[PDB]
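Trainee: Residues per chain, in single letters:
Number of protein chains: 2
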Amino acid sequence: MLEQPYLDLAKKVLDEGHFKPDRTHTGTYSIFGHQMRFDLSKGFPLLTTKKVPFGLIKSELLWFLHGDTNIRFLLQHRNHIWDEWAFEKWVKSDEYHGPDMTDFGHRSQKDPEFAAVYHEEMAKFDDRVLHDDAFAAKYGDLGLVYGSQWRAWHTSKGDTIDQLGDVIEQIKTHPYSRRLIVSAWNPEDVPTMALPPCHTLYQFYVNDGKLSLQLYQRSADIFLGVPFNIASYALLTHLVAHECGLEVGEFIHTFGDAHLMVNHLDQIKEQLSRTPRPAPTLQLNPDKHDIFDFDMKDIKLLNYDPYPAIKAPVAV
Amino acid sequence: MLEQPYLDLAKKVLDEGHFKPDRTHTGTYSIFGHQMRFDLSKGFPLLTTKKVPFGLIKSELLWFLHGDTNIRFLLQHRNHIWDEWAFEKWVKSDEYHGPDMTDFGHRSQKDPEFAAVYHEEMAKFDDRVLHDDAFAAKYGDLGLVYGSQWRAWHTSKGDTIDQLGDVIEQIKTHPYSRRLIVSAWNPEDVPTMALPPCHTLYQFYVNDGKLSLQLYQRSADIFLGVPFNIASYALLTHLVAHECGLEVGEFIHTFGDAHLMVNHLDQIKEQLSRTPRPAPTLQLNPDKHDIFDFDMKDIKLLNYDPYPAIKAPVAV
Ligand SMILES: O=c1ccn([C@H]2C[C@H](O)[C@@H](COP(=O)(O)O)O2)c(=O)[nH]1
Ligand SMILES: O=c1ccn([C@H]2C[C@H](O)[C@@H](COP(=O)(O)O)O2)c(=O)[nH]1
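The listed protein sequences correspond, in order, to chains A and A'. A prime marks a further copy of an entry chain. Just so we're aligned: 61 in the deposited numbering is position 61 of the first sequence, and the numbers increase by one with no gaps anywhere. Just so we're aligned: 137 in the deposited numbering is position 137 of the second sequence, and the numbers increase by one with no gaps anywhere.
Hints may contain errors.
Said to hold, decoys possible - Think about it this way: if two alpha-carbon atoms lie no more than 27 Å apart in a straight line, the pair counts; the simulated BS3-like pairs of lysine-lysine are:
hint : chain 1 : residue 1 : chain 2 : residue 2
1    : A'      : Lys288    : A       : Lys42
2    : A'      : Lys157    : A       : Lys138
3    : A'      : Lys51     : A'      : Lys297
4    : A'      : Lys51     : A       : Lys157
5    : A       : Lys157    : A'      : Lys12
6    : A       : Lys12     : A'      : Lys51
7    : A       : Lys210    : A'      : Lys11
8    : A'      : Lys42     : A'      : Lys288
In case anyone wonders, no lab produced these hints; they're calculated from the structure.
With the hints as constraints, model all of the structure from the sequences given.
Mentor: Here's what the structure looks like:
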């Protein structure tokens with residue numbers, strides 16, 4: 001089907017990746033340099049062989065698109081993808097008084113006890129950010145996150161560039177530009193960052209009135225990360241194609257070090273048992289075009305029929 | 001052979017690229033998103049099916065590696081790859097008095113006459129830069145060129161980062177880092193630049209004591225540019241692998257818009273007639289390691305036996 005390349009990417013790593021140790025010394029099977037294409041005219045690449053939550057995908061993209069960097073928008077949509085990065089700062093801080101939460105990363109993984117004190121202090125932090133304004137400002141803003149890299153890149157001369165809004169301008173005016181690139185990799189910030197971006201950059205390409213997109217993704221978790229990353233970019237590709245009035249062409253996904261966590265082998269094997277079903281369809285508010293002022297309701301998924309979801313332990 | 005992927009890349013564009021207009025309205029056959037691998041343990045990818053000048057390749061890389069941005073080093077090695085970018089500034093300038101050289105780009109292409117006045121004022125500019133110091137400083141420095149992007153990226157806080165020297169440090173100390181990336185794409189400079197970089201970025205990968213390298217090349221001239229670009233990166237890959245004491249693994253070459261100029265069809269077809277010969281061998285001064293203080297003599301090419309070179313008109 002249309003997910004096939006995702007599945008070939010996973011088989012390829014199973015019976016061809018060498019063992020590579022990683023940071024959280026879980027170890028991993030890894031290959032380097034891979035590239036898939038999805039033809040977005042054939043359907044939208046949300047995996048059917050397993051249940052991916054579109055809603056989390058949507059809220060995060062829109063959050064990136066509004067150029068927002070503050071957790072609060074997400075929590076408002078019940079999207080917690082980014083909580084630990086914000087909460088970490090709370091924890092490592094003066095105004096913080098409480099159960100030390102040092103490397104709660106692991107220590108909530110080996111300890112049902114601790115993991116109820118954490119999955120609990122979190123519960124409040126999140127609530128605080130929702131309710132206390134000045135709190136959200138201090139703790140819920142993340143600073144350097146896709147939203148601000150795409151929409152407000154800091155110049156050395158103190159101003160801010162809206163790369164993404166600029167490139168779309170150019171797409172309407174010089175469709176054939178070979179220079180239609182958005183980068184999230186800042187070399188001054190990149191040493192002092194908790195997670196220098198995974199999605200290093202992307203490039204638009206237009207021809208025969210179709211828009212394409214290729215993503216350079218430095219590092220991929222095949223099981224957990226990639227099924228999400230594919231949907232965001234594909235969505236992005238559509239929104240842009242909508243705003244510039246083009247048709248959608250392809251989304252190309254290039255990887256650097258694409259890997260499987262060594263303890264995801266069972267799960268990913270189970271998945272390879274399943275047989276893809278036809279892909280869902282994407283659908284856009286034909287009235288609204290300014291994609292920056294786009295809302296949950298303006299974007300919607302048709303005919304999504306996935307296999308059950310698959311629990312996998314997450315790497316700490 | 002080892003060049004095959006280069007040749008498959010060219011066939012692919014011939015009987016599969018659609019026509020895409022470009023900037024210099026020569027037009028072009030283009031595809032978007034492609035990826036080749038060369039296994040550098042099998043030989044060095046300098047095309048044999050056509051005569052590429054290694055020497056120009058070497059001088060330019062070393063120039064990049066010394067972090068130099070001044071034409072003078074190159075001219076000293078009889079390497080003119082970068083002259084028109086420097087001379088252009090001479091021409092568009094106060095201290096310049098002479099035959100207007102407005103878009104000498106084209107106007108030296110349709111005019112044997114003019115093309116002897118230009119290929120002539122050039123002759124002096126170059127000489128001036130070689131001999132007059134203060135001249136070289138004013139006109140022969142290029143500013144933003146790989147050398148300075150790799151080795152002296154300007155921070156917003158006024159300092160300069162040596163990305164490349166930093167990443168090598170990291171390769172010795174955290175071989176498994178998935179973050180070993182050098183970027184040449186600065187979004188503040190990129191709007192105001194004559195030629196925002198083609199070689200947008202690269203990423204190193206280490207495993208089983210082998211070094212690999214993948215290059216994201218936003219835009220490629222298949223006939224003229226790519227046979228050179230491949231050798232630089234492959235060389236780079238070796239020098240780094242030398243300095244960090246690793247073996248060489250692969251060079252992966254990912255493209256965005258890879259294209260053929262519409263008037264290069266004959267030439268590239270002629271070339272596809274030829275049959276690759278075995279690849280040359282690279283060889284490094286086993287005594288010197290600091291690759292920054294590496295010189296022409298320290299690097300050398302064995303067993304290169306190419307077919308004749310192929311004249312092609314250059315796109316203006
Ligand atoms: O959108 C994302 C965000 C993160 N990761 C995964 C990939 C790696 O396993 C890890 C990044 O860790 P480092 O690459 O920085 O070491 O997170 C993804 O796959 N997709
Ligand atoms: O190392 C290089 C430098 C330049 N080019 C070619 C590719 C394009 O045809 C052109 C870049 O033009 P724009 O992509 O900026 O429009 O130069 C290369 O292929 N390799």
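Trainee: Against the structure shown, which of the earlier numbered hints fail to hold, in ascending order?
Mentor: Result: hints 1, 4, 5, 6 break, sorted rising.
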